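Okay, handing you the structure first.
Only one protein chain is missing; all other protein chains are in place.
In order of appearance the chains are A and B, and numbering begins at 1 in each one.
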Amino acid sequence: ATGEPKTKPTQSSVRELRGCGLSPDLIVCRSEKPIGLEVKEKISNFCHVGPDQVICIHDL
Amino acid sequence: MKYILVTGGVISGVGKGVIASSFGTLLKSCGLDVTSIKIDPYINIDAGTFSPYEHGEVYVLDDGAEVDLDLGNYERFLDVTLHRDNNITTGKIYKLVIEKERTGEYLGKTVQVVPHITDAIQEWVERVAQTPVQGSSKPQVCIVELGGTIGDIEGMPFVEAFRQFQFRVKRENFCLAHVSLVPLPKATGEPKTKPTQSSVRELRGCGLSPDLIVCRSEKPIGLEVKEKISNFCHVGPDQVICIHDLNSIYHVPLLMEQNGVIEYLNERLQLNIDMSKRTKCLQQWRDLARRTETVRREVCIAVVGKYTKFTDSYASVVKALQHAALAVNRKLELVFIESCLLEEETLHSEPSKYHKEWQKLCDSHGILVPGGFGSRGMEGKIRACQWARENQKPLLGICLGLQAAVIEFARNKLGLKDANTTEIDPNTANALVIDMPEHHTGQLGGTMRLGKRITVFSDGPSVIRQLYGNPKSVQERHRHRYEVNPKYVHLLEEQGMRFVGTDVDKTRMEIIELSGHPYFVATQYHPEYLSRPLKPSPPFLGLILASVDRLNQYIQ
Partner (left out) sequence: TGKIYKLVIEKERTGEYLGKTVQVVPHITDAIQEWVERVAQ
């Protein structure tokens, strides 16, 4: 329906973890299908991690 | 006045717009007058400076305002003419408050968020709720949709404003439907209620409480998940509504009616709706859904566009094509074609994709070249127009498609191989499409030819004139900044083309048509913005009829 990977739940989870006092050093993104470069860039920009700190594991 | 607030769960593509439009449809079927206010917590004044990828296709109103596609959905489902005040952004509220503070309305106290920004938001909502929108109709229910999800930094002022607003107008006049997502991952295999519980916890911490929980999934969720949501959201079993992905959005009002939403809202908001009279209320939507289910004949239209990576970037165009396909009892097979892959540069890089897209274009009954901005993909549109004109394939170009058609005609028939648009090639020997002088003041955003205009039919038999109903002039909405150049106009007209659409001044050409070719129509305005489920846009209807070789029969 939406037809695109959504990064908002991960942003909210990172915000909650930081408000709890912990800043992620890696972020593992679980998806059914591989996400594009722009999705990882959005994750890095809005969850405030480097582009290489966003690990993307899909349904192997 | 009664209010329904539709908030978002974990994502912003969950379906709040469709849920709000279905609320409006259900209430207007009963007999009420429904207003719709879209709240966009972004700081942009309007949606005219948005890419189609950001949130979908940009909608243009009668007064020129460029807004979200949610307002397009509201107009399509409710058949109402919205205004600029029906969209509330953060930028609008802050600009209003800053202007008031500068003038001196707030003299004496500092201007804050909670006492001033939220007060301005509540004043805006109350004032625009009462503004007539369908004529002399005085609204009874206002459906406010909050863009985004609960928990965003931009949405905190609006959530606090509505937390105060529910007590300002009493709870009997205020309801809240929360729309959430229930993901079902393949690895886990089970619907997950945790994000909905998190959303409800956040919305309760913010001071509100969902009267309804609308759970969105791809497939119907089992009763265990629904009961878990009812248990962990402190709402009753019958206050959780499960809406899955349906074949069309005409099924959403029917599904919500089957779920007892109308009765719950009548009891919760004291709407005093009578059930005995409200029988066969949604007959139009039931008929439309049945027709969408039972269409067998196939019509294939190739959309040669540049924003095909996101399918909602052409939402209004797809809806107009669907309306035209249903108006002639045809099933619409829509094949999006990236115009970049049709260019010769793609041939030397991805020959497989080049030939695949070209055989996609050659196997369709009709071609549609939509509008757009920038120079990327323009050559693909010109190549598609050339193929359509050479092979007698019907083509309907919109805005940027008219410029591409004019450029192709000048380059091929007139021999001007350097013909181009100033938007793309400012240093052009033969500038076939030039910029309009009064829309290039260096201030992007609300500075084009926006909204309803007047287009005059030329003196001469044209089938596009007959499609509209043999009028003398028509009023259509524009969103363009560049125009066709007069002398080239003249030359081309002489050659093989007929500029059959102009304005009152008879200088700005809007509609072109070709002698010979069965259907080659290009317009400067957007016909999709005025398309309604029972009122298909005449250009799209003509394109469909020419594609299925039924235009001549429809003429007589």
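Operating definition for what follows: a contact is a pair of C-beta atoms (placed from the backbone, for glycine too) under 8 Å apart; a residue touches a chain by one contact, two chains touch by 3 or more.
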Give the residue, chosen from B:1, B:32, B:45 or B:255, that touches the chain omitted from the document.
B:45
Looking at B:444, B:454, B:504 or B:555, which residue reaches the missing chain?
B:444
Residues belonging to chain B that touch the chain removed from view:
42-45, 49-51, 54-55, 91, 94-95, 98, 101, 111, 153-154, 442-446
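Operating definition for what follows: only the chains that are shown with their structure count from here on.
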Could you work out how far the Cα centre of chain A sits from that of chain B, in whole Å?
29
